[PDB]
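Following this message is one structure expressed as structure tokens.
Here the complex is missing a single protein chain, while all its other protein chains stay put.
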Amino acid sequence: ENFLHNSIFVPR
Amino acid sequence: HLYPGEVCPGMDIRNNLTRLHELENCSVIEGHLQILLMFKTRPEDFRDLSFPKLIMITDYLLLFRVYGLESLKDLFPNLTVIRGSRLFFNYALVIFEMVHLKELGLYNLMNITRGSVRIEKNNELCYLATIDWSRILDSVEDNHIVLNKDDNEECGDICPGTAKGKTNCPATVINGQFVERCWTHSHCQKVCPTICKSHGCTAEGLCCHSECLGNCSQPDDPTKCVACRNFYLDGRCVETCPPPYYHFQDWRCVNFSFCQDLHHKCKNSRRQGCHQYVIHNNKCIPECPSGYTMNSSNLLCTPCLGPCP
Partner (left out) sequence: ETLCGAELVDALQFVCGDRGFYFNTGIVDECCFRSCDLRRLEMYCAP
């Protein structure tokens, strides 16, 4: 889940 | 079987449905498919939406927070194989926080070649206990299917024929419990005879060729497969790519010219995810492995005398 959020949520 | 549509690259569809129509002509997605974070969509947005051409995804399928989507039966009716070449944390199929999903409905999904299934935190999701995943994956011990409506005794999953006092669906045994298998109230789970192994069978239950995977239009014919066990070559399923073809993306046979055209498209604008493709050990690949450099005249990886440039 945290692995999910890290992969999908990206700033820039 | 020669594919009616295109081979499309991996996609990531977010926020609105506009970009989803980029899939309209794909037969194969050569990459992954992620559909996520659609907060203002409603069931009416999906009433007239279908991608019947999609047969296979080489990597993984991930669905997360797509509001208003109640079933996938109209979206991906013909998706037969998810190869799992690349996976999302060991999963080839991820259904997470799909707040309105009432059923999966992937009634043509016959095989997940590699990886497991994670179906978690779907508060309306039923038609899970009715699926025999042992017919789809070897590794079912790594499935993580929890925190769905299905957890309690409120689903009452009703399979085709029940109202008429019939068992239209095939029943299978999962650890001592014998149960009728289906995807929705109106679609059974296809189950083939044991003799077919992983090859699939026609509608009439006749085994597909050993080079098929999941389904075929005619029995014991490698030009009549819906999807291939090993490699695909101009509407035919083959064990390995013969010369003069190269193995590409672990599922298809391509010629030198194809590999070359990819290489020379990736000239200017290093963006949008491009590589200058090379030949190494009868494979057409993104880049030479470490210790090799690419001989320019023939795309061939050669080892470097001293460190590589």
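Labels A and B are assigned to the chains in the order they are written; within every chain, residues are numbered from 1.
Here is the rule we go by: a contact is a pair of C-beta atoms (placed from the backbone, for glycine too) under 8 Å apart; a residue touches a chain by one contact, two chains touch by 3 or more.
Participant: For a quick check of understanding: of B:7, B:20, B:37 or B:174, which residue touches the chain that isn't displayed?
Facilitator: Of the candidates B:7, B:20, B:37 or B:174, B:37 is in touch with the missing chain.
Participant: For a quick check of understanding: of B:15, B:168, B:218 or B:282, which residue touches the chain that isn't displayed?
Facilitator: B:15
Participant: Give me the chain A residues in contact with the hidden chain, please.
Facilitator: For chain A, the residues touching the absent chain are 1-2, 5-12.
Participant: For chain B, which residues lie in contact with the unshown chain of the complex?
Facilitator: Looking at chain B, the ones touching the missing chain are residues 12, 14-16, 37, 39, 65, 97.
Assume only the chains that are shown with their structure count from here on.
Participant: Please compute the C-alpha centroid of chain A, do the same for chain B, then give the distance between them in whole Å.
Facilitator: Comparing mean C-alpha positions, chain B is 23 Å from chain A.
Participant: Which residues of chain B touch chain A once you look at their complex with the stated criterion?
Facilitator: Listed in rising order, the residues are 34, 36-37, 64, 88-89, 94, 96.
Participant: Considering only the defined contacts, which chain A positions touch chain B in the complex?
Facilitator: Residues in contact with chain B: 1, 3-4, 7-8.
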